[PDB]
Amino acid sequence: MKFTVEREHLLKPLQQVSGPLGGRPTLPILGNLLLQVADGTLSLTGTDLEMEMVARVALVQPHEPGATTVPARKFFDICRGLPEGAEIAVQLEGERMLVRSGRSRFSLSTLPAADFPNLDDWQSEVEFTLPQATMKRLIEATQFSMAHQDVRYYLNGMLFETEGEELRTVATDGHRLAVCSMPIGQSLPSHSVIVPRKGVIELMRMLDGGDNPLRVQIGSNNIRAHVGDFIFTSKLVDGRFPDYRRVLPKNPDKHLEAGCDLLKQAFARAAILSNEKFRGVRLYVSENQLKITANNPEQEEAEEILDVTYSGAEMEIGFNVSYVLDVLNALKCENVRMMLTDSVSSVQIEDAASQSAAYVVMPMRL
């Protein structure tokens, strides 16, 4: 296996396939990349057994076919360290891979390609394409609400649902929920899968802004996402997600609208003097006014009063200010709508200007 490639043509591909990886996987080879020259193409693959990322680079310089497995972080670090515009020449030599550029030379340890974990083939059942920025919006709107290492293992990832011509994400912790829905211009079967949170993370990071469409293929136990020269595959979480329809408030009749930043800043100051563990804050709503109060066990007390747009019945509600601040921080918009019912019902929060994303936070008795 020989190839000579310009540094910059390797950097983005290396960075993408090092995503699954780690620097003691225990299983050593998981800390290696797989390099394959076949045809006029270098392919690079990294995996953690659950998911796999593969990148392809066109070889316009002379090459020879073959395959090996090298330490991913060492190889990336060498390529990154070499100067802007460097030509990088790579050669298999015995049990070692040689890397030369200018006056610099490296020989890395290898592990047999034949030994590199392969994900089983599987058949695609549902497919669609959509713009990258659309998938990226969908994930970023909701990712912060996934659980991390909950016993309820199906919460530790993100639901991707297709319905009508819409693709929707849903993430919940069991405490707060996020849902985002975008039209993507293709009639879709009605279908749900759960992508593991590590996979959501890798998917999110393969999306580079650009003009390359994302093609998605879903099978019974896998998902694959292909954009330009990058192909991501993951196992799905074999589990039953909650239904977000059962979580949204029922026709809330009390709408408050405020400046997102003014609201965020008020909650952020009040939060200083909230209970460190439970983070309860109280809202008092009244005609075009919101009062926020926080206390803590030391009986310190904050209070914020700000002008808002509200014409509903006066009411109080409590909730967790960290959850509310996470939503406000996700939204990044001019104005926010809080859809309220009473002191004993969840709140739904949205960009005043778009119903695409919606967030549900549960009431606290304070």
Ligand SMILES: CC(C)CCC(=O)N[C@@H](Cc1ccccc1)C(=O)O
Contents of the next structure:
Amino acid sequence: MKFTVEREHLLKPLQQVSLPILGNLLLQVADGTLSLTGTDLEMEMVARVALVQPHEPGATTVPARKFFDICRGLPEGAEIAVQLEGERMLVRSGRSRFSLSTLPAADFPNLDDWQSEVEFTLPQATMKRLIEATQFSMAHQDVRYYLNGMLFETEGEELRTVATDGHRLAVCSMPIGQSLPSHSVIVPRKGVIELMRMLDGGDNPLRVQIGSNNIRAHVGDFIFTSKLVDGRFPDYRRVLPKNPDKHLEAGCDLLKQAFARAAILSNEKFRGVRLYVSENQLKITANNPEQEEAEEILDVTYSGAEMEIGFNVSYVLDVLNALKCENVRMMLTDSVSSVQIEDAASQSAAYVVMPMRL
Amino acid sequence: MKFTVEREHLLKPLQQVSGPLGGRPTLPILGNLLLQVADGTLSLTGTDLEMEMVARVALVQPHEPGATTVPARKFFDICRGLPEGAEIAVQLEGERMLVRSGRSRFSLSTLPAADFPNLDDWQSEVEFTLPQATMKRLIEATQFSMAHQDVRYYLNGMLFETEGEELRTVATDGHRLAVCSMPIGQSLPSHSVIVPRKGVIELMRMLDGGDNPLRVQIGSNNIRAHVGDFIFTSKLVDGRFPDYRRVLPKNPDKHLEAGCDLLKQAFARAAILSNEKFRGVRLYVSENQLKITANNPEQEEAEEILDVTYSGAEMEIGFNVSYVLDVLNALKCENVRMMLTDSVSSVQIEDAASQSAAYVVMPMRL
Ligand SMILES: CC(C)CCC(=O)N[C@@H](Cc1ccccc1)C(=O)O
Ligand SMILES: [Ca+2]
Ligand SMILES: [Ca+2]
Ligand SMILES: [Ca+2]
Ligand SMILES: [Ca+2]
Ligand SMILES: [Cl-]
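Would you mind giving the form deposited with the ligand bound, to go alongside the form deposited without the ligand above?
The next block holds the full complex; its first chain is the one shown before.
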């Protein structure tokens, strides 16, 4: 295996792809192409680079971080020459020389072959919107493994994401402009994070392939694959309040800043605030073990019956930070029922949050 | 005690005087700021018992005198969290201090101003003014070489030395040393004092970057710095710092000069394949050439060849590459001079264009 390539052409590929052998990148030269693969057994990223300079086919594996750091550490405009010599891989550029250890390409974990069942293309921006709208509501290390991740659901012409931790839920639906089969899978949180990471903000569309046990995403000359998670993910439709009769509308940023200020004097371990809704007004209060008190009064749009209800501060701020909008609607039922929160100008996403007793 | 101040006039003072406060204040009052209204000025003070930072805020709105202490983090977060240009009205009510702005209201627990720790009065024995940039240069040139939580307590601070028309800082951890001298244009008596770790941090923190000069006062047991409307005071560390003059190699007759960035980037790349704990690289110096090598127990190898200026005898010497990189990062210059003796002796490293800063690094046993 031998190739010479500009550092420039390796930088982005290495960034995306980076048991001892799982700390190594697979390098493969074949058919005028260098392929680079990184994996952790649960997911893999493959990147390809074209090779115009003389090259020789073959494959080996090398320490991912060290190889990346060496390539990154070389000067801008550097040419990187690589040749395989037994148990070492030689890397040369200018008068900088490196010998890295290797493990055989034959030993490299190959994620089992699988079969695509559902396929579609969508804009990068749509995937970004879907993930950012809901990712914060995924569970972290819940014993219910299937909540430590994100539901991806196809229905009609929409792709939908759902995330929940049992206390709050986020759902977002976006058009993809193709009639799609009804289907849903759970992508583990680490997979969701890497999927987000591969979206660079340009116009490259994403090609998605969903199998019975895997999901794959193609963008540019990168291919990402992740295993899926087994489980009965809850139905968001059953979580949405059936008949909210009390409607508050307020400035998103005004509400966010009032919550954030009040939270300063809430209990440090379980930060919550009490809301009192009455005619044209929201009052937010907090107190702590030291008997310190905060109070915020806001002029709001509200005409239903008076009620008091508590919320976990972080759950509400998480939603308001996700909304990034002018006005927010809160749809309430009673003091012991969950609340629905939405951007007043968008029906693409909805949030449900349990009340908190204080 | 009463005052009303616009938000943005409080924020930076609050941030500044909170400098010395830790997370986990050992006792409640140490997490509080002293607020004092007197003679048309609000003063803010934070302390950790070793040093204090004080800010003076002019009061253009109606006020009443008095003093209390309140939780620093809560009070700052409240002020920061209010809308831009918010008028922050404060009224003391015994065990509580009330804060109001628009329709936002807050009640904070207080502790008596009379219990707030107050550094003893002391007497200045030397005073001088210097540009903020000069103090910045002095600290940045040497701070990285200070020890971290060493049982030899004096090493955890920074020596400040006045001598003739020069102010000098020195830092060392026993393995490597940094010294920087700068001119002040005022003839100073000889003083040598150790500023504690957090004190060095605060001195740096208070340099706004503008043209407000720094006024320094040093006593036998304290140091004080005045910048704008801030006054920083620290107790000095009670120890005898090593003399840097005795640590500088006596006659290194082997001189190497090379570009700083090329040397840095080569050391940085070589470091990748050095031992993860010991970080050893080897330097082979020969006529007009430096070869840097690293290897690790994975029997991986790095080699960097650099054109340098060197006329001395060939020699091989090992170094902790982190120590070398730290120096090169601190020098931030075009060319560097390395002054060598032998493979069992320290190297002296300097900007090739200025002797104002010098660095002494002990070699590694190969
Ligand atoms: C977010 C919260 C208001 C959902 C409460 C709820 O409807 N829980 C159901 C479904 C569910 C939702 C989220 C996680 C797990 C289960 C249950 O406990 O069975
Ligand atoms: Ca090329
Ligand atoms: Ca991977
Ligand atoms: Ca459905
Ligand atoms: Ca104002
Ligand atoms: Cl003011």
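Numbering follows the first chain given and starts at 1. Between two forms, the rigid core is defined as the largest C-alpha subset superposing within 1.5 Å.
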### Message
Could you check, with the core superposed, whether the Cα atom of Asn251 shifts 2 Å or more between the two forms?
### Response
yes
### Rigid core superposed: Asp307 CA moves 2 Å or more between the two forms
yes
### Message
Aligned on the rigid core, do the two forms place the Cα of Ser286 2 Å or more apart, comparing between the two forms?
### Response
yes
### Message
After superposing on the rigid core, how much does the Cα of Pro297 shift between the two forms, in Å?
### Response
2.2
